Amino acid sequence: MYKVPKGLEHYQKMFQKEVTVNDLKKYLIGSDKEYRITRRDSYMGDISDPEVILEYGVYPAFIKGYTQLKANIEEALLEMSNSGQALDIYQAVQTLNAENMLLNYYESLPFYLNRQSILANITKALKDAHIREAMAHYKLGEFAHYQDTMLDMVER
(Lines of atoms letter the chains of each structure in order from A and count residues from 1; the text may use other names and numbers.)
(Lines give C-alpha, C1' and ligand atoms only; values in the text may rest on other atoms or scores of the structure.)
Protein backbone atom coordinates (compact mmCIF):
# COMPACT_ATOMS: atom_id res chain seq x y z
CA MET A 1 0.00 0.00 0.00
CA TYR A 2 1.21 3.44 -0.88
CA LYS A 3 1.65 5.55 2.26
CA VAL A 4 2.39 9.30 2.26
CA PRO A 5 6.05 9.69 3.27
CA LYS A 6 7.07 11.34 6.56
CA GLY A 7 7.12 15.17 6.39
CA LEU A 8 9.93 17.52 7.49
CA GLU A 9 7.60 18.51 10.32
CA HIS A 10 7.56 14.85 11.43
CA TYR A 11 11.29 15.00 12.25
CA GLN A 12 11.01 18.48 13.71
CA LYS A 13 8.61 17.13 16.38
CA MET A 14 11.24 14.58 17.43
CA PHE A 15 14.24 16.92 17.51
CA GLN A 16 12.96 20.40 18.50
CA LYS A 17 12.51 19.50 22.18
CA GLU A 18 14.60 17.99 25.01
CA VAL A 19 16.73 15.22 23.50
CA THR A 20 19.09 13.29 25.73
CA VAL A 21 22.26 11.33 25.07
CA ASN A 22 20.29 8.10 25.51
CA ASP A 23 17.60 9.22 23.05
CA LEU A 24 20.34 9.90 20.51
CA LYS A 25 21.85 6.43 21.04
CA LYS A 26 18.42 4.91 20.46
CA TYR A 27 17.84 6.99 17.30
CA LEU A 28 21.25 6.20 15.80
CA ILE A 29 20.94 2.43 16.29
CA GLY A 30 17.15 2.33 15.78
CA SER A 31 16.64 -1.30 16.85
CA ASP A 32 13.70 0.00 18.92
CA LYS A 33 10.98 0.78 16.32
CA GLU A 34 9.90 3.94 18.19
CA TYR A 35 13.36 5.45 17.55
CA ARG A 36 13.88 4.03 14.07
CA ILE A 37 14.60 6.50 11.23
CA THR A 38 15.28 5.15 7.69
CA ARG A 39 15.21 5.83 3.96
CA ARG A 40 12.77 3.90 1.74
CA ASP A 41 15.62 2.21 -0.09
CA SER A 42 18.06 1.16 2.60
CA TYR A 43 20.15 -1.78 3.62
CA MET A 44 18.84 -3.38 6.87
CA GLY A 45 15.40 -1.84 7.39
CA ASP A 46 15.31 -2.99 11.02
CA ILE A 47 18.05 -0.43 11.79
CA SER A 48 18.18 3.37 11.30
CA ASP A 49 20.03 5.41 8.65
CA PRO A 50 22.26 8.07 10.27
CA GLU A 51 22.32 10.13 7.09
CA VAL A 52 18.52 10.70 7.31
CA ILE A 53 18.92 11.51 11.02
CA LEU A 54 21.56 14.19 10.35
CA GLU A 55 20.13 15.68 7.18
CA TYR A 56 16.45 15.78 8.15
CA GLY A 57 16.54 15.76 11.95
CA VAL A 58 19.59 16.98 13.82
CA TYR A 59 20.92 19.66 11.41
CA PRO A 60 17.53 21.45 10.98
CA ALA A 61 16.96 21.35 14.75
CA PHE A 62 20.43 22.71 15.49
CA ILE A 63 19.88 25.62 13.08
CA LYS A 64 16.55 26.37 14.79
CA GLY A 65 18.53 26.79 18.05
CA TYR A 66 18.74 23.34 19.69
CA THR A 67 22.54 23.46 19.69
CA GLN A 68 23.04 21.07 22.61
CA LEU A 69 22.51 18.34 19.99
CA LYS A 70 26.17 18.67 18.97
CA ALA A 71 27.78 17.73 22.29
CA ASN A 72 25.06 15.20 23.08
CA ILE A 73 25.39 13.33 19.75
CA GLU A 74 29.17 13.38 20.32
CA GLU A 75 28.71 11.75 23.72
CA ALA A 76 26.25 9.32 22.16
CA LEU A 77 28.80 8.36 19.51
CA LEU A 78 31.51 8.14 22.20
CA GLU A 79 29.45 5.57 24.15
CA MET A 80 28.38 3.63 21.06
CA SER A 81 31.98 3.36 19.85
CA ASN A 82 33.32 2.13 23.21
CA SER A 83 30.53 -0.40 23.89
CA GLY A 84 32.14 -3.56 22.50
CA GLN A 85 28.90 -4.21 20.59
CA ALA A 86 29.44 -4.66 16.87
CA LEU A 87 26.19 -3.06 15.72
CA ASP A 88 26.72 0.01 17.93
CA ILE A 89 30.27 0.43 16.58
CA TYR A 90 28.96 0.01 13.01
CA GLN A 91 26.31 2.76 13.37
CA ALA A 92 28.98 5.05 14.87
CA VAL A 93 31.19 4.46 11.80
CA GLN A 94 28.13 4.91 9.60
CA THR A 95 27.38 8.26 11.29
CA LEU A 96 30.95 9.48 10.69
CA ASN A 97 30.61 8.36 7.04
CA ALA A 98 27.31 10.20 6.69
CA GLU A 99 28.80 13.50 7.88
CA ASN A 100 31.62 13.17 5.33
CA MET A 101 29.30 12.44 2.44
CA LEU A 102 26.97 15.30 3.40
CA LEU A 103 29.96 17.65 3.83
CA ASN A 104 31.03 16.73 0.34
CA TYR A 105 27.65 17.51 -1.20
CA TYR A 106 26.71 20.67 0.73
CA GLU A 107 30.28 22.04 1.05
CA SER A 108 29.53 23.18 4.62
CA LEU A 109 27.58 21.88 7.57
CA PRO A 110 26.05 23.71 10.57
CA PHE A 111 28.51 21.98 12.90
CA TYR A 112 31.38 19.49 12.74
CA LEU A 113 31.64 16.48 15.02
CA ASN A 114 34.78 16.13 17.17
CA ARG A 115 35.76 12.70 15.87
CA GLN A 116 39.18 11.85 17.34
CA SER A 117 38.12 10.00 20.51
CA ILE A 118 35.41 8.17 18.53
CA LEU A 119 37.94 7.25 15.84
CA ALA A 120 40.36 6.08 18.55
CA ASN A 121 37.61 3.86 20.04
CA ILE A 122 36.78 2.34 16.65
CA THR A 123 40.43 1.40 15.98
CA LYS A 124 40.60 -0.24 19.43
CA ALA A 125 37.50 -2.24 18.51
CA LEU A 126 39.02 -3.23 15.16
CA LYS A 127 41.77 -5.13 17.04
CA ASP A 128 39.09 -7.64 18.09
CA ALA A 129 38.44 -10.41 15.56
CA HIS A 130 34.71 -10.82 16.16
CA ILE A 131 34.12 -7.06 15.92
CA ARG A 132 36.03 -6.47 12.68
CA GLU A 133 34.50 -9.63 11.12
CA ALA A 134 30.98 -8.58 12.07
CA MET A 135 31.71 -5.14 10.57
CA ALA A 136 33.23 -6.56 7.37
CA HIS A 137 30.08 -8.66 6.99
CA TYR A 138 27.74 -5.64 7.42
CA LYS A 139 29.94 -3.68 4.99
CA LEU A 140 29.92 -6.46 2.36
CA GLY A 141 26.15 -6.74 2.84
CA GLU A 142 25.67 -3.01 2.11
CA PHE A 143 27.75 -3.37 -1.09
CA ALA A 144 25.69 -6.38 -2.25
CA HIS A 145 22.47 -4.53 -1.54
CA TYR A 146 23.58 -1.48 -3.52
CA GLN A 147 24.73 -3.67 -6.40
CA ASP A 148 21.33 -5.43 -6.52
CA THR A 149 19.72 -1.99 -6.89
CA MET A 150 21.99 -1.21 -9.87
CA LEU A 151 20.89 -4.51 -11.46
CA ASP A 152 17.23 -3.59 -11.50
CA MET A 153 18.03 -0.38 -13.26
CA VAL A 154 19.89 -2.31 -15.87
CA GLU A 155 16.89 -4.52 -16.36
CA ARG A 156 14.97 -1.40 -17.15
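The term rigid core refers to the maximal set of C-alpha atoms that superpose within 1.5 Å between the two forms. Numbering follows the first chain given and starts at 1. First, how it differs from the form solved in complex with its partner chain.
- Once both forms are fitted on their rigid core, the CA atom of residue 138 lies 2 Å or more apart between the two forms.
- Positional change of residue 44 between the two forms reaches 2 Å or more at the C-alpha, relative to the superposed core.
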Contents of the next structure:
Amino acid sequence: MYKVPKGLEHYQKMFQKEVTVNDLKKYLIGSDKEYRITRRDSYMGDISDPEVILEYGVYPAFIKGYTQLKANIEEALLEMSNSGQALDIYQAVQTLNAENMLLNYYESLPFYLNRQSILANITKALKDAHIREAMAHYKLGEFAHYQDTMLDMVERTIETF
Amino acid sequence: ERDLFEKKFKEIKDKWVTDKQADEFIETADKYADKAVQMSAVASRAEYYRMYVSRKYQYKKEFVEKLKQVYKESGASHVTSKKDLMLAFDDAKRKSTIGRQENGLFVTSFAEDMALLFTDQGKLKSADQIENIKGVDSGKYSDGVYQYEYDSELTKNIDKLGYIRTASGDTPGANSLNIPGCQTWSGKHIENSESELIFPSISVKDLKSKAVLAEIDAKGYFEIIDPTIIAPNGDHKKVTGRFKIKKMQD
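The structure above corresponds to the form deposited without its partner chain; please give the structure of the form solved in complex with its partner chain next.
Zooming out: every chain and molecule, the one shown earlier first.
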Protein backbone atom coordinates (compact mmCIF):
# COMPACT_ATOMS: atom_id res chain seq x y z
CA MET A 1 0.00 0.00 0.00
CA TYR A 2 0.99 3.61 -0.62
CA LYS A 3 2.74 5.57 2.15
CA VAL A 4 3.95 9.16 1.55
CA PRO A 5 7.64 8.94 0.69
CA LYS A 6 10.31 11.09 2.31
CA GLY A 7 12.13 13.49 0.01
CA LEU A 8 11.06 16.30 -2.29
CA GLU A 9 9.17 18.01 0.53
CA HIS A 10 8.68 21.23 -1.42
CA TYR A 11 6.58 19.38 -3.99
CA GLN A 12 4.36 18.11 -1.14
CA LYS A 13 3.53 21.81 -0.47
CA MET A 14 2.62 22.95 -3.94
CA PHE A 15 -0.52 20.94 -4.08
CA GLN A 16 -1.98 21.77 -0.65
CA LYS A 17 -4.66 24.04 -2.11
CA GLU A 18 -7.40 24.06 -4.74
CA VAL A 19 -5.36 23.93 -7.98
CA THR A 20 -7.37 24.88 -11.10
CA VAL A 21 -7.85 22.60 -14.04
CA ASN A 22 -5.79 25.01 -16.12
CA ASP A 23 -2.75 25.10 -13.77
CA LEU A 24 -2.81 21.28 -13.45
CA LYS A 25 -2.37 21.32 -17.24
CA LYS A 26 0.75 23.50 -17.09
CA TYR A 27 2.05 21.11 -14.40
CA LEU A 28 1.31 17.78 -16.07
CA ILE A 29 2.86 19.04 -19.36
CA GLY A 30 5.87 21.04 -18.15
CA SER A 31 6.58 23.01 -21.35
CA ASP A 32 6.99 25.92 -18.97
CA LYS A 33 10.18 25.80 -16.90
CA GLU A 34 8.28 27.02 -13.81
CA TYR A 35 5.71 24.22 -13.91
CA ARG A 36 8.23 21.49 -14.87
CA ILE A 37 8.05 18.81 -12.16
CA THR A 38 10.63 16.07 -12.43
CA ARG A 39 12.95 13.96 -10.28
CA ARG A 40 16.73 13.57 -10.48
CA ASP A 41 16.56 10.40 -12.57
CA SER A 42 13.38 11.05 -14.50
CA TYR A 43 13.40 9.60 -18.01
CA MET A 44 13.36 13.04 -19.63
CA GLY A 45 14.50 16.18 -17.80
CA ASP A 46 12.98 18.80 -20.13
CA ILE A 47 9.25 18.06 -19.58
CA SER A 48 7.13 17.18 -16.53
CA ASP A 49 7.15 13.68 -15.03
CA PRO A 50 3.54 12.80 -13.97
CA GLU A 51 4.74 9.95 -11.78
CA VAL A 52 6.56 12.50 -9.63
CA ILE A 53 3.50 14.73 -9.58
CA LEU A 54 1.27 11.95 -8.28
CA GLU A 55 3.72 10.21 -5.95
CA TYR A 56 5.08 13.32 -4.22
CA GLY A 57 2.58 16.03 -5.21
CA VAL A 58 -1.04 15.03 -5.64
CA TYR A 59 -1.29 12.01 -3.31
CA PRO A 60 0.18 13.45 -0.09
CA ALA A 61 -2.08 16.54 -0.32
CA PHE A 62 -4.99 14.19 -1.02
CA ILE A 63 -4.34 12.16 2.17
CA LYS A 64 -4.05 15.47 3.98
CA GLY A 65 -7.62 16.40 2.88
CA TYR A 66 -7.41 18.26 -0.47
CA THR A 67 -9.72 15.86 -2.33
CA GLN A 68 -10.73 18.36 -5.04
CA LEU A 69 -7.44 17.51 -6.84
CA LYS A 70 -8.99 14.26 -8.12
CA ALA A 71 -11.93 15.69 -10.14
CA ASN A 72 -9.60 18.47 -11.29
CA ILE A 73 -6.84 16.25 -12.73
CA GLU A 74 -9.70 14.31 -14.35
CA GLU A 75 -10.88 17.52 -16.13
CA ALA A 76 -7.23 18.47 -16.81
CA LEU A 77 -6.59 15.12 -18.49
CA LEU A 78 -9.94 15.38 -20.34
CA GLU A 79 -9.11 18.67 -22.00
CA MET A 80 -5.51 17.85 -22.80
CA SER A 81 -6.68 14.46 -24.09
CA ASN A 82 -9.01 16.18 -26.59
CA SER A 83 -6.60 19.03 -27.45
CA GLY A 84 -5.37 17.80 -30.85
CA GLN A 85 -1.81 18.38 -29.55
CA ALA A 86 0.96 15.78 -29.49
CA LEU A 87 2.70 16.64 -26.24
CA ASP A 88 -0.63 17.32 -24.53
CA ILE A 89 -1.96 13.88 -25.53
CA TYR A 90 1.44 12.20 -24.94
CA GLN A 91 1.68 13.50 -21.44
CA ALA A 92 -1.98 12.66 -20.67
CA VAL A 93 -1.24 9.08 -21.71
CA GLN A 94 1.87 9.31 -19.53
CA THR A 95 -0.25 10.29 -16.50
CA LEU A 96 -2.51 7.22 -16.69
CA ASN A 97 0.71 5.27 -17.12
CA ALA A 98 2.07 6.84 -13.95
CA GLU A 99 -0.93 5.56 -12.02
CA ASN A 100 -0.26 2.08 -13.31
CA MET A 101 3.47 2.25 -12.48
CA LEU A 102 2.66 3.51 -8.98
CA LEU A 103 0.00 0.81 -8.55
CA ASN A 104 2.69 -1.65 -9.61
CA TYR A 105 5.04 -0.63 -6.80
CA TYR A 106 2.68 0.40 -3.99
CA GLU A 107 -0.10 -2.13 -4.80
CA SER A 108 -2.79 0.30 -3.66
CA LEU A 109 -3.34 4.03 -4.07
CA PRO A 110 -5.32 6.77 -2.20
CA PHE A 111 -7.57 7.12 -5.26
CA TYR A 112 -8.02 5.99 -8.83
CA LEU A 113 -8.65 8.18 -11.88
CA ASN A 114 -11.91 7.31 -13.56
CA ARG A 115 -10.77 7.25 -17.09
CA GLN A 116 -13.37 6.07 -19.42
CA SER A 117 -13.61 9.43 -20.93
CA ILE A 118 -9.96 10.21 -21.09
CA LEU A 119 -9.30 6.86 -22.64
CA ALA A 120 -12.06 7.34 -25.22
CA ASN A 121 -10.53 10.70 -26.14
CA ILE A 122 -7.04 9.22 -26.39
CA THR A 123 -8.48 6.49 -28.64
CA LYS A 124 -10.23 8.96 -30.98
CA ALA A 125 -7.14 11.17 -31.10
CA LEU A 126 -4.89 8.29 -32.19
CA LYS A 127 -7.00 7.51 -35.24
CA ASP A 128 -6.19 10.97 -36.65
CA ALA A 129 -3.54 10.97 -39.43
CA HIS A 130 -2.51 14.59 -38.69
CA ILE A 131 -2.14 13.81 -35.01
CA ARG A 132 -0.22 10.59 -35.75
CA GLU A 133 2.08 12.42 -38.17
CA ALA A 134 2.61 15.11 -35.51
CA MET A 135 3.68 12.32 -33.14
CA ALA A 136 5.64 10.32 -35.71
CA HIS A 137 7.83 13.41 -36.27
CA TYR A 138 7.84 15.22 -32.88
CA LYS A 139 11.56 15.78 -32.25
CA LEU A 140 11.63 18.86 -29.93
CA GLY A 141 14.17 18.74 -27.11
CA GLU A 142 15.26 15.37 -25.70
CA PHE A 143 13.02 13.54 -28.22
CA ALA A 144 15.74 14.47 -30.76
CA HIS A 145 17.95 11.84 -29.11
CA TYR A 146 15.70 8.81 -29.73
CA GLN A 147 15.29 6.98 -33.03
CA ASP A 148 12.29 5.56 -31.22
CA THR A 149 9.41 7.93 -31.90
CA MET A 150 6.72 9.51 -29.73
CA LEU A 151 4.02 7.61 -31.64
CA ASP A 152 5.89 4.33 -31.11
CA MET A 153 6.12 5.20 -27.37
CA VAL A 154 2.44 6.16 -26.94
CA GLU A 155 1.22 3.12 -28.86
CA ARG A 156 3.33 0.83 -26.67
CA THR A 157 1.76 2.36 -23.55
CA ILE A 158 -1.85 2.16 -24.74
CA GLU A 159 -1.42 -1.63 -25.09
CA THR A 160 -0.86 -1.70 -21.34
CA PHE A 161 -4.34 -0.15 -20.73
CA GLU B 1 34.13 33.36 -14.62
CA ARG B 2 33.10 31.31 -11.57
CA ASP B 3 30.54 34.11 -11.42
CA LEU B 4 29.42 32.92 -14.90
CA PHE B 5 29.13 29.34 -13.54
CA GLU B 6 27.00 30.45 -10.63
CA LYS B 7 24.74 32.28 -13.13
CA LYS B 8 24.22 29.15 -15.29
CA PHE B 9 23.27 26.96 -12.35
CA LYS B 10 20.45 29.32 -11.36
CA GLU B 11 19.39 29.48 -15.01
CA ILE B 12 19.10 25.67 -15.38
CA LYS B 13 18.28 24.62 -11.77
CA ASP B 14 15.68 21.86 -11.75
CA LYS B 15 12.53 22.10 -9.57
CA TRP B 16 13.54 19.00 -7.50
CA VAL B 17 16.87 20.42 -6.28
CA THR B 18 16.41 21.70 -2.74
CA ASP B 19 17.76 24.95 -1.31
CA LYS B 20 20.13 22.74 0.72
CA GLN B 21 21.47 20.92 -2.37
CA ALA B 22 21.70 24.23 -4.25
CA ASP B 23 23.60 25.84 -1.41
CA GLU B 24 26.06 22.93 -1.17
CA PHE B 25 26.45 22.78 -4.96
CA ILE B 26 27.62 26.39 -5.38
CA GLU B 27 29.44 26.32 -2.07
CA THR B 28 31.68 23.31 -2.79
CA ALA B 29 31.95 24.07 -6.54
CA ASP B 30 35.71 24.80 -6.48
CA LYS B 31 36.64 21.53 -4.81
CA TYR B 32 35.04 19.72 -7.76
CA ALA B 33 36.91 22.19 -9.96
CA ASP B 34 40.18 21.14 -8.34
CA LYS B 35 39.39 17.43 -8.25
CA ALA B 36 38.94 17.78 -12.02
CA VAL B 37 42.41 19.35 -12.27
CA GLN B 38 44.09 16.71 -10.07
CA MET B 39 42.69 13.85 -12.19
CA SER B 40 44.15 15.78 -15.16
CA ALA B 41 40.77 15.85 -16.84
CA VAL B 42 41.25 19.61 -17.12
CA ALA B 43 44.16 22.10 -17.11
CA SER B 44 42.69 24.77 -14.84
CA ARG B 45 39.78 25.39 -12.47
CA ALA B 46 38.70 28.08 -14.95
CA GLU B 47 38.43 25.48 -17.74
CA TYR B 48 36.11 23.37 -15.57
CA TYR B 49 33.82 26.38 -14.98
CA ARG B 50 33.75 27.37 -18.67
CA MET B 51 32.80 23.82 -19.58
CA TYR B 52 29.92 23.71 -17.15
CA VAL B 53 28.71 27.04 -18.59
CA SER B 54 29.17 25.88 -22.19
CA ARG B 55 27.59 22.40 -21.66
CA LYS B 56 30.07 20.78 -24.10
CA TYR B 57 32.25 18.42 -22.07
CA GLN B 58 35.39 17.54 -24.05
CA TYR B 59 38.24 15.45 -22.58
CA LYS B 60 41.77 14.53 -23.63
CA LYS B 61 41.88 10.99 -25.05
CA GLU B 62 44.93 10.24 -22.84
CA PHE B 63 42.75 10.79 -19.71
CA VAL B 64 39.68 8.82 -20.83
CA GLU B 65 41.95 5.90 -21.68
CA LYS B 66 43.58 5.85 -18.22
CA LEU B 67 40.16 5.99 -16.58
CA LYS B 68 38.84 2.95 -18.44
CA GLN B 69 41.62 0.81 -16.86
CA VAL B 70 39.94 0.58 -13.44
CA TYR B 71 36.68 -0.05 -15.27
CA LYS B 72 38.37 -2.81 -17.23
CA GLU B 73 40.02 -4.26 -14.08
CA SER B 74 36.86 -5.14 -12.04
CA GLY B 75 34.04 -3.97 -14.35
CA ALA B 76 31.19 -1.48 -13.94
CA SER B 77 28.35 -0.69 -11.49
CA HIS B 78 25.06 1.27 -11.40
CA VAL B 79 23.30 1.35 -8.01
CA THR B 80 19.48 1.52 -8.33
CA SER B 81 16.21 1.16 -6.40
CA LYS B 82 13.81 -1.79 -6.74
CA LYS B 83 11.27 0.75 -7.89
CA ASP B 84 13.49 2.12 -10.69
CA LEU B 85 14.65 -1.37 -11.70
CA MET B 86 10.97 -2.30 -12.18
CA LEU B 87 10.36 0.81 -14.22
CA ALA B 88 13.01 -0.33 -16.74
CA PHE B 89 11.05 -3.50 -17.64
CA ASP B 90 7.47 -2.29 -17.17
CA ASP B 91 7.62 1.38 -18.37
CA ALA B 92 6.62 0.90 -22.02
CA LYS B 93 8.12 4.19 -23.29
CA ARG B 94 11.56 2.77 -22.47
CA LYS B 95 11.24 -0.19 -24.85
CA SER B 96 12.48 -2.81 -22.40
CA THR B 97 15.96 -1.40 -21.80
CA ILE B 98 18.07 -0.88 -18.68
CA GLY B 99 19.37 2.58 -19.65
CA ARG B 100 18.00 5.24 -22.05
CA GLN B 101 17.91 3.06 -25.17
CA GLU B 102 20.72 4.25 -27.50
CA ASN B 103 21.80 6.98 -25.04
CA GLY B 104 23.16 4.45 -22.52
CA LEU B 105 23.31 3.98 -18.75
CA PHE B 106 25.39 6.02 -16.27
CA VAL B 107 27.90 3.88 -14.35
CA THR B 108 30.97 3.97 -12.16
CA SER B 109 33.78 1.46 -11.63
CA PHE B 110 32.90 -1.72 -9.75
CA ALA B 111 36.00 -1.31 -7.51
CA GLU B 112 34.64 2.09 -6.46
CA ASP B 113 31.17 0.91 -5.46
CA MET B 114 32.77 -2.04 -3.58
CA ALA B 115 35.23 0.17 -1.63
CA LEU B 116 32.75 3.00 -1.09
CA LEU B 117 29.57 0.98 -0.37
CA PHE B 118 31.26 -1.55 1.95
CA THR B 119 32.81 -1.61 5.38
CA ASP B 120 36.50 -2.59 5.41
CA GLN B 121 35.46 -5.55 7.60
CA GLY B 122 33.31 -6.52 4.51
CA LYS B 123 29.80 -5.57 5.73
CA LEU B 124 27.36 -3.65 3.49
CA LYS B 125 26.52 -0.22 4.87
CA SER B 126 23.17 1.13 6.15
CA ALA B 127 20.54 2.02 3.54
CA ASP B 128 20.51 5.34 5.41
CA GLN B 129 24.31 5.71 4.88
CA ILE B 130 24.39 4.69 1.24
CA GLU B 131 21.48 7.01 0.44
CA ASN B 132 23.72 9.73 1.91
CA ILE B 133 26.79 8.57 -0.05
CA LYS B 134 24.85 8.58 -3.36
CA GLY B 135 23.17 11.95 -2.70
CA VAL B 136 19.70 10.43 -3.09
CA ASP B 137 16.53 10.94 -1.04
CA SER B 138 16.21 9.37 2.38
CA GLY B 139 14.37 6.05 2.09
CA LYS B 140 14.93 5.33 -1.62
CA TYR B 141 16.79 2.08 -0.79
CA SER B 142 14.56 1.17 2.21
CA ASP B 143 13.37 -1.99 0.45
CA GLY B 144 16.86 -2.97 -0.79
CA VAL B 145 19.90 -1.43 -2.52
CA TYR B 146 20.15 -3.15 -5.94
CA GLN B 147 22.93 -3.03 -8.49
CA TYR B 148 23.49 -3.46 -12.21
CA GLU B 149 26.91 -4.98 -12.86
CA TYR B 150 28.83 -5.37 -16.12
CA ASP B 151 31.65 -7.86 -15.42
CA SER B 152 35.29 -7.30 -16.41
CA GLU B 153 35.11 -9.17 -19.71
CA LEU B 154 31.77 -7.71 -20.82
CA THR B 155 33.30 -4.30 -20.18
CA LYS B 156 36.51 -5.37 -21.96
CA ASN B 157 34.70 -6.33 -25.17
CA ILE B 158 32.47 -3.28 -24.96
CA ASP B 159 35.54 -1.07 -25.02
CA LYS B 160 36.75 -3.10 -28.01
CA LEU B 161 33.67 -2.09 -30.04
CA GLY B 162 34.30 1.56 -29.04
CA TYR B 163 31.02 1.92 -27.15
CA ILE B 164 32.11 3.74 -24.01
CA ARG B 165 30.98 7.38 -23.97
CA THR B 166 31.55 10.37 -21.73
CA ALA B 167 28.63 12.34 -20.33
CA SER B 168 28.06 15.86 -21.68
CA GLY B 169 25.57 18.68 -21.19
CA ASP B 170 22.99 17.59 -23.79
CA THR B 171 23.13 13.95 -22.70
CA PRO B 172 19.62 12.61 -21.98
CA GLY B 173 19.31 12.10 -18.21
CA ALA B 174 21.73 14.95 -17.46
CA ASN B 175 20.52 17.83 -15.26
CA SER B 176 21.63 20.91 -13.25
CA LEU B 177 23.68 18.70 -10.88
CA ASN B 178 25.59 16.95 -13.69
CA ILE B 179 29.20 17.96 -13.75
CA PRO B 180 32.33 18.06 -15.97
CA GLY B 181 35.27 15.73 -15.22
CA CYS B 182 33.83 12.23 -15.55
CA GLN B 183 32.64 12.53 -12.00
CA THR B 184 29.39 12.52 -10.09
CA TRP B 185 28.44 15.34 -7.80
CA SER B 186 27.87 13.66 -4.42
CA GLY B 187 27.05 16.72 -2.33
CA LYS B 188 29.27 18.44 0.22
CA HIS B 189 31.23 15.28 0.93
CA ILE B 190 33.40 15.26 -2.22
CA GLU B 191 35.33 12.12 -1.26
CA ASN B 192 32.07 10.25 -1.84
CA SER B 193 32.53 11.30 -5.52
CA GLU B 194 33.22 8.63 -8.08
CA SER B 195 33.94 8.41 -11.80
CA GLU B 196 31.11 8.61 -14.36
CA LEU B 197 31.10 7.01 -17.79
CA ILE B 198 28.22 5.96 -20.11
CA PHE B 199 28.01 2.28 -21.00
CA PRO B 200 25.48 0.91 -23.48
CA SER B 201 22.03 -0.18 -22.29
CA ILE B 202 21.11 -3.87 -21.81
CA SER B 203 18.08 -5.18 -23.71
CA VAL B 204 15.68 -6.92 -21.41
CA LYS B 205 13.06 -7.53 -23.92
CA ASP B 206 10.46 -10.03 -23.06
CA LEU B 207 11.86 -10.11 -19.60
CA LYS B 208 9.44 -10.07 -16.77
CA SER B 209 9.98 -7.68 -13.85
CA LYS B 210 8.40 -9.96 -11.25
CA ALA B 211 10.43 -12.97 -12.48
CA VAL B 212 13.70 -11.09 -12.02
CA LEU B 213 13.01 -10.10 -8.42
CA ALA B 214 11.73 -13.58 -7.45
CA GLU B 215 14.85 -15.03 -9.06
CA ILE B 216 16.95 -12.43 -7.11
CA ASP B 217 15.26 -13.16 -3.77
CA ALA B 218 15.81 -16.88 -4.32
CA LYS B 219 19.58 -16.57 -5.08
CA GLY B 220 20.89 -13.02 -4.48
CA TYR B 221 21.28 -12.32 -8.22
CA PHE B 222 19.95 -12.80 -11.73
CA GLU B 223 22.25 -12.77 -14.76
CA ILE B 224 22.33 -12.20 -18.52
CA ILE B 225 25.18 -13.90 -20.33
CA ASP B 226 26.19 -12.73 -23.78
CA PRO B 227 23.79 -9.76 -23.30
CA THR B 228 22.30 -7.88 -26.19
CA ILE B 229 23.43 -4.27 -25.84
CA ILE B 230 22.40 -1.17 -27.67
CA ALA B 231 24.96 0.83 -29.51
CA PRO B 232 24.78 4.53 -30.08
CA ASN B 233 23.74 3.99 -33.58
CA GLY B 234 21.15 1.89 -32.00
CA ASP B 235 21.73 -1.55 -33.39
CA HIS B 236 21.08 -4.54 -31.15
CA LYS B 237 24.22 -6.62 -30.61
CA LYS B 238 25.40 -9.56 -28.47
CA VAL B 239 28.73 -9.21 -26.62
CA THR B 240 30.67 -11.88 -24.73
CA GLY B 241 30.44 -11.49 -20.95
CA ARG B 242 28.22 -11.32 -17.88
CA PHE B 243 25.68 -8.80 -16.63
CA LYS B 244 24.31 -9.43 -13.13
CA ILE B 245 21.33 -7.68 -11.52
CA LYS B 246 22.16 -8.03 -7.81
CA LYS B 247 20.52 -7.12 -4.59
CA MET B 248 23.55 -6.20 -2.55
CA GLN B 249 24.37 -8.13 0.62
CA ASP B 250 27.39 -8.61 2.92
